[PDB]
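**Q** Start from chain B and add chains Y, D, U, H, W, F, X, S and L with the ligands according to the hints.
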Amino acid sequence: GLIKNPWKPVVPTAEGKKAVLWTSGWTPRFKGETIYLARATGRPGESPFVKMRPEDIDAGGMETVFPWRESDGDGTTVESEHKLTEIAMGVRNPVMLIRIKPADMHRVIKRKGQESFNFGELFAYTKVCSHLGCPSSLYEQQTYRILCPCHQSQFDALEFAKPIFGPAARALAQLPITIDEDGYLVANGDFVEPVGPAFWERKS
Amino acid sequence: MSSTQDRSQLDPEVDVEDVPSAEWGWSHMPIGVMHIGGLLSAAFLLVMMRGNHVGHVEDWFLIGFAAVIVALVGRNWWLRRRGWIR
Amino acid sequence: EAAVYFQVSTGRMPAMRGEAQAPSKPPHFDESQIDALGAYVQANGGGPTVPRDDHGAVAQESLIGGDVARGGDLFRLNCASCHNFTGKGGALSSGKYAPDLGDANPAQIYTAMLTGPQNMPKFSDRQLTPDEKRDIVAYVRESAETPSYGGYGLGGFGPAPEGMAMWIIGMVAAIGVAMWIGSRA
Amino acid sequence: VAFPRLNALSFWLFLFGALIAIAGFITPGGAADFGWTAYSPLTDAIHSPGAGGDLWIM
Amino acid sequence: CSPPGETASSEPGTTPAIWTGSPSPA
Amino acid sequence: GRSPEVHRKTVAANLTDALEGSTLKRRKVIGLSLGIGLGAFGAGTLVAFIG
Amino acid sequence: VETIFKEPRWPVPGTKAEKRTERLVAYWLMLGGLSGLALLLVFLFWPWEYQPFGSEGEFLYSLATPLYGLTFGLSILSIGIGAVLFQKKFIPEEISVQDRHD
Amino acid sequence: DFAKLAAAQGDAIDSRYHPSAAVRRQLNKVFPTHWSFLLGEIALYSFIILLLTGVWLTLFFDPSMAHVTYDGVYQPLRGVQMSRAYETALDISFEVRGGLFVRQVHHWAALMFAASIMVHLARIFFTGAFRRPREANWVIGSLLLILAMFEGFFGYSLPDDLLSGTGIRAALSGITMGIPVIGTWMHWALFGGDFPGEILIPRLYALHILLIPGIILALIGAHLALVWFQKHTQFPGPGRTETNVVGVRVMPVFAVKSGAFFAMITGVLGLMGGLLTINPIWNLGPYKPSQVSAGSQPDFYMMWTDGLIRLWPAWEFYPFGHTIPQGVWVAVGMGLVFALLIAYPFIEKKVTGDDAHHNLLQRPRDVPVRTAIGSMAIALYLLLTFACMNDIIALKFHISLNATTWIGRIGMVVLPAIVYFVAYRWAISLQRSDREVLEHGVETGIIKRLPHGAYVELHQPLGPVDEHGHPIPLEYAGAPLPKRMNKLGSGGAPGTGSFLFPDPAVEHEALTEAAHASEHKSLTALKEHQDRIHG
Amino acid sequence: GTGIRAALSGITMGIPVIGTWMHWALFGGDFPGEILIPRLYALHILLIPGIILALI
Amino acid sequence: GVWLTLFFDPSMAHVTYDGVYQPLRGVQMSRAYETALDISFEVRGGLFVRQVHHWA
Ligand SMILES: CCCCCCCCCCCCCCCC(=O)OC[C@H]1O[C@H](O[C@@H]2[C@H](O)[C@@H](O)[C@H](O)[C@@H](O[C@H]3O[C@H](CO)[C@@H](O)[C@H](O)[C@@H]3O)[C@@H]2OP(=O)(O)OC[C@@H](COC(=O)CCCCCCCC[C@H](C)CCCCCCCC)OC(=O)CCCCCCCCCCCCCCC)[C@@H](O)[C@@H](O)[C@@H]1O
Ligand SMILES: CC(C)=CCC/C(C)=C/CC/C(C)=C/CC/C(C)=C/CC/C(C)=C/CC/C(C)=C/CC/C(C)=C/CC/C(C)=C/CC/C(C)=C/CC1=C(C)C(=O)c2ccccc2C1=O
Ligand SMILES: CC(C)=CCC/C(C)=C/CC/C(C)=C/CC/C(C)=C/CC/C(C)=C\CC/C(C)=C/CC/C(C)=C/CC/C(C)=C/CC/C(C)=C/CC1=C(C)C(=O)c2ccccc2C1=O
Ligand code: HEC
Ligand code: HEM
Ligand code: HEM
Ligand code: FES
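Residue numbers (the deposited numbering), protein chains in the order written: chain B, 218 to 421; chain Y, 1 to 13, 28 to 100; chain D, 110 to 294; chain U, 116 to 173; chain H, 21 to 46; chain W, 167 to 217; chain F, 65 to 166; chain X, 4 to 538; chain S, 168 to 223; chain L, 57 to 112.
Bound-form chain B, shown alone:
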């Protein structure tokens, strides 16, 4: 009665039904869907997620962003009150957005397929540690290092978030970003790999 098949298609996407571990909040639900990068600002009764512009974050800053669609919003009613809670409690939802100083832009190394995942000097990475899933979010903006406070693994922001110290063996996932016609930050689709800790049937 407590035996369940984990690789069962239950999540509706733009390509049919898929397993839980292959999806997150950034997976498009239909072709051409707009997912906004929102930030947590106010109280639960005061529109907890709002839009954001490239001008808001300056060089050497970092912000936490969540996937927000126009179909949710405010959370005033009871219908959008349970939709804004699923976003904030998603295991693989949070993303860290960093802005790199223009002086340091000549020492960036890409990851062979993620050469166009940045909008100028803005980068976005998963906030979930690839070791055991802790929020690796201690960002040192001079050394450009992302530190996890659980098991002391740090990742290099100038390279493709590859580990340099600790028990981590894989790099953090990157999210492609761009701007909307109004001037808000949006995504160019989801990650091109699973995010979070690993499992037996991961990789090709």
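Hints were generated in silico from the structure; no laboratory data involved. Here a beta-carbon is modelled for each residue, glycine too, at the ideal position from N, C-alpha and C. Be a bit skeptical, because a hint or two may be false.
With a straight-line cut-off of 20 Å between C-alpha atoms, the simulated PhoX-like cross-links for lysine-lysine are [as the list claims (entries may be wrong)]: (1) X/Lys7 x W/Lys191; (2) F/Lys70 x F/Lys152; (3) X/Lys291 x B/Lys300.
FRET-style restraints, in silico, Cβ to Cβ [unchecked claim]: (4) X/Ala139 x L/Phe104: 32 to 42 Å; (5) F/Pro77 x U/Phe131: 31 to 41 Å; (6) X/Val335 x Y/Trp98: 19 to 29 Å; (7) X/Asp469 x Y/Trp98: 34 to 44 Å.
**A** The following block gives chains Y, D, U, H, W, F, X, S and L with the ligands in isolation, referenced to the frame of chain B:
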């Protein structure tokens, strides 16, 4: 005797010149366990140089410690073989 | 002049050598001299300025916000990673750390996150508006002057001081009592 | 000697004091950097604010 | 072992295009 | 029914000797303090548990 | 079983050293009773209510749990001390030997 | 008129159940009186307090993940969205009179339980109380330790705060989905889906309050029954053999001591739970996936497992489009220390080739190899425990966080070897310390300065003397030896009286005479019994 | 629900002098409350079965 | 009784059903009632177990 001390007599159910109470419990670990243990520990210290770290101070520390361990093991083996220790 | 105010008032400037991180120490100048230095620096490129009050002095009381709950959950998301739950220390990569927040006056707390001193990020007035900052400073100031409930705080770190206190007090007392009741040999 | 059990304490005080003073090299900052003479004001909180100097003194 | 599929490149890469967005669920 | 006389006599002697040898009955001052203290502690604990 | 030794702790019948020990045991027992009464009184008459922040009456609230812990714990420990002092001052000492038929 | 009252209610019991011989046997059981044998009951006394406190915390708690808004008395969390479990945990501490005190006592008792178990295990291991016929008891104790660890871990995960949530995400979820074949099936069976789910807190509650305590109670019962019916071991000494027990009877000496010890343990726990703060859940917040703090420490009994994760290198394998993460290495490792712990007596029995039904204990100095092994194990445990709190040591003490990892990594192969060597040598030296006193006598610390200008020290022989005055050598009997003359009675009472005023001389003389005569009688009785045994 | 309302709430508060006090002690307030089901669950799975087992 | 403890949630928190049993789809209920419906409709062999419990 005018003392308070009471002498005890007992009967429960490497030699006594090196370990005085050699017949009261386990008091000998065979040599060869310790030599192989030392060599294996040195190998482990040496193998931990494969990782994700980008520094080299730690590598030199590991090399030095492994060298010390190997030197101690080698010295002990040589002296045991040549007959100066038993 | 916000950077100048933060770096000189807290004593970080002038620095004395080059290591992993420059520590804080007693200030070298006083208020008048601090203002003079700040104004001299401000006249050479602009940038952020320290908030003042109605009398032209540095604002301290006016920086405390109303909502402590919103400040608290902003702190827990933005600031509790490097600093502690309530504002204690935290270790960084190699020789670096995030200090205690229990010594800084409201102006210092405000100007810390306006400029970005070191490996601490900077929060612009567009990312964190100068209304959320007041709530954050209110939370930081309150969580430092509230007494412990249920006994001595034991530092406010959690399992480690608790474990050490157990081993060094409870078990010592128990073993002492056992040795008193029992006999030897 | 006059007091043997006190004579023993001096050696251990020596060894542990020396170890505490030398252990300033483990810190990321380093040990004392102001000479054995220790002139002032160079050892004040303002100049030489490190933890190595404190261990040296103690 | 090193993870396969984790490789650095030397490709320049282009600036992303402006997002348009298909109007409604297909 | 009833255990043999020897067992009954021996067990009774053991218990009586344990009580008598303690010399607790001869000492009224400390025998009364114990009762009072235990009563006070019990009352306090019960009121704290239930209140 | 065989008891090879047993002897009363006060052979000399009337002495001034026995009364002192009896009084010591009595004091240790009395302290526990007083502490129990203190626990009962403090549990009933004390503020005990949460006080928000920087308000009059916050100091008295922060001492509620500490007083509970002091009062319950200064009593039972004292009673324990009194009861162990009685074992090694008035109870006769013995040496018994029993054979294990293993 | 209680003589007539007790004589009537005693006859009523014997005529119905006739338990005369059965209880008379239990009143005459003899128990050895050594301080070291009181270590085991502390744990027991800690368990009882954990039950009484566990029943008082079952009247107010609500295990549910249903999300609510606080709107309570505690102002700093006014309006925050939390779960039902966290809200009820806040209610216990803020809304119920004396709830904070009760839950603090619960946590403190939880810590004392594990600490006492560890010390008791150390005692059992070092003295060789596991040899024969007491192996099954060792095994049972090992299982008890493991169950206590997991019981404690499931306990502080119930309030559903930030610390416990971060701990349970990394330990119970991250590690689970790393096992090679059954990695994701087991995860989905435990959580009923993905990590957070909606059934985890109720399941943990039912597991924490009912099942594990039940198993613990049964195993403790079995443990105590085996100890009772297997006649507790003793130590070598005057009048002690392989086939007897020396101590005191249960009635009335042992029972009073047990009761007093229980009372004092309760006193200490109660006193400690009021003056020291533990587990302040309001300073934390409700668990959120996108929130974390700096500490992230489990309880001290779980720290070595967490420190093993921090120190092992990042070694992974990728066969045929699969993944074997780092977390595998610990899962294999963690179950390997357990397996080596339960089946230790059999290993030692196979190695030394000894099984001879021992009832007399060993002093740790007499068994150098076992002592060294135990010391090495303790050193490894301590290093793994201190590695978990390497971020707190790097902050308070000025040392690099990168340096601590390498220190621990190198240490976990070097420090045990040093400890082994030092322990071995130290044990042999303590042995050699005993052979010096059986041969020459106790050194009184007095110098003589003979007429011809020679300095000698006066020795006090522990046995018969030779015609030349040199003592006859004695044989070692596995018993302690005196080394100070003050412990042999070289010093009388200052004088009978109060602290400020003396008593009449006659009383002092009579009391001194009685005490001296009583000491003679006790020693003579022991000597006579020892002489009659070995005929 | 109706069974609980009739046989446990109505009867409890009908007892003289110590009637409403006992009701509010059991339910922690008025009848519906918020802590009745958890309390009954803890009483049903842990305490009464334990006493039953010991007595059996 | 133990099998039932792995699935039950004793809370009075009010929710909306949204499950498999259609006649109760949008009804406002408690967590206990919802979980009791889940045991009987969602877990394989749950109805049998909770019937055996009552009969015993
Ligand atoms: C069976 C018995 C069991 C019971 C035993 C219990 C006894 C202990 C306590 C007694 C109980 C009293 C109950 C009343 C509680 C009360 O009324 O509450 C007061 C307040 O108190 C603290 O406020 C300080 C100020 O009042 C605030 O103004 C200030 O803000 C606050 O600052 C914090 O917050 C800031 C943010 O702004 C940060 O900046 C800042 O850093 C800090 O965090 C302050 O805190 P703090 O420094 O803790 O005080 C330090 C304590 C210091 O304690 C202690 O003695 C330590 C106790 C624990 C020791 C155990 C450690 C084990 C270590 C090992 C040995 C290690 C080595 C071995 C391992 C290796 C071995 C091999 C070699 O006393 C002092 O001041 C100085 C020392 C004098 C106290 C001495 C009393 C007992 C000592 C015992 C022995 C006596 C000998 C003589 C001594 C003089 C905070 O808690 C507040 O919440 C709290 O509100
Ligand atoms: C302190 C505290 C909180 C404790 C609470 C205690 C409590 C209430 C208990 C709860 C139980 C708990 C919590 C334990 C957890 C255990 C646990 C985790 C196990 C899970 C079980 C499980 C996974 C199920 C597997 C399913 C399965 C394969 C089932 C097999 C069924 C089995 C093995 C049945 C065993 C039957 C059995 C034990 C029978 C014993 C019969 C007995 C004892 C009778 C004795 C007896 C007989 C036989 C007489 O006839 C008689 C006649 C006249 C006078 C006297 C007697 C008499 O004494
Ligand atoms: C990560 C890891 C593997 C650990 C080892 C790291 C390491 C190298 C340790 C060095 C630690 C020290 C002492 C650094 C300073 C430099 C130094 C003096 C070095 C060595 C000196 C030397 C070789 C000789 C001197 C001789 C000697 C015996 C020295 C004494 C040093 C001692 C005993 C210091 C304590 C050591 C230690 C690590 C203790 C940990 C205690 C912990 C974890 C408690 C945490 C704790 C905290 C943090 C509180 O805030 C608190 C507040 C209120 C009450 C309680 C507590 C509390 O318990
Ligand atoms: C990691 C990086 C962070 C983050 C996310 C925050 N802080 Fe903190 N902080 C950090 C460091 C390494 C330092 C030291 C820099 C220096 O000494 O030059 C600081 C400093 C502060 C200070 C000033 C120190 C004082 O006088 O106590 C304050 C007031 C401070 N930091 C507060 C603060 C707040 C309110 C933050 C979130 C909104 C925050 N920091 C983030 C490290 C880091
Ligand atoms: C016997 C071994 C036990 C240990 C070591 C243990 C340990 C713990 C710990 C550490 C906590 C959390 C402490 C906190 O931070 O607040 C806890 C919570 C709790 N335990 Fe246990 N426990 C044990 C047994 C029991 C038993 C037998 C019961 C029930 C009869 C019980 C009921 C509870 C309850 C209700 C909580 C509620 C959480 C809270 O109110 O804080 N426990 N336990
Ligand atoms: C809940 C945990 C435990 C409790 C409550 C407990 C309790 C006790 C008690 C009271 C005794 C007798 C008192 C004494 O001699 O110290 C005892 C004896 C014993 N225990 Fe434990 N114990 C526990 C765990 C363990 C562990 C972990 C081990 C070993 C791994 C162990 C092995 C033994 C053995 C072998 C004895 C025999 C005592 C002897 O021969 O002298 N027990 N236990
Ligand atoms: S969880 Fe990030 S390093 Fe282990």
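**Q** For every hint, state whether the structure bears it out.
**A** A quick look at each hint next to the structure:
{"no.": "1", "hint": "X/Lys7 x W/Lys191", "in the structure": "holds, 17 Å"}
{"no.": "2", "hint": "F/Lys70 x F/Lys152", "in the structure": "holds, 13 Å"}
{"no.": "3", "hint": "X/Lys291 x B/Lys300", "in the structure": "holds, 16 Å"}
{"no.": "4", "hint": "X/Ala139 x L/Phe104: 32 to 42 Å", "in the structure": "holds, 39 Å"}
{"no.": "5", "hint": "F/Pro77 x U/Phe131: 31 to 41 Å", "in the structure": "violated, 58 Å"}
{"no.": "6", "hint": "X/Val335 x Y/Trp98: 19 to 29 Å", "in the structure": "violated, 43 Å"}
{"no.": "7", "hint": "X/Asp469 x Y/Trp98: 34 to 44 Å", "in the structure": "holds, 40 Å"}
Hints 5, 6 from the earlier list are contradicted by this structure; the remaining hints agree with it.
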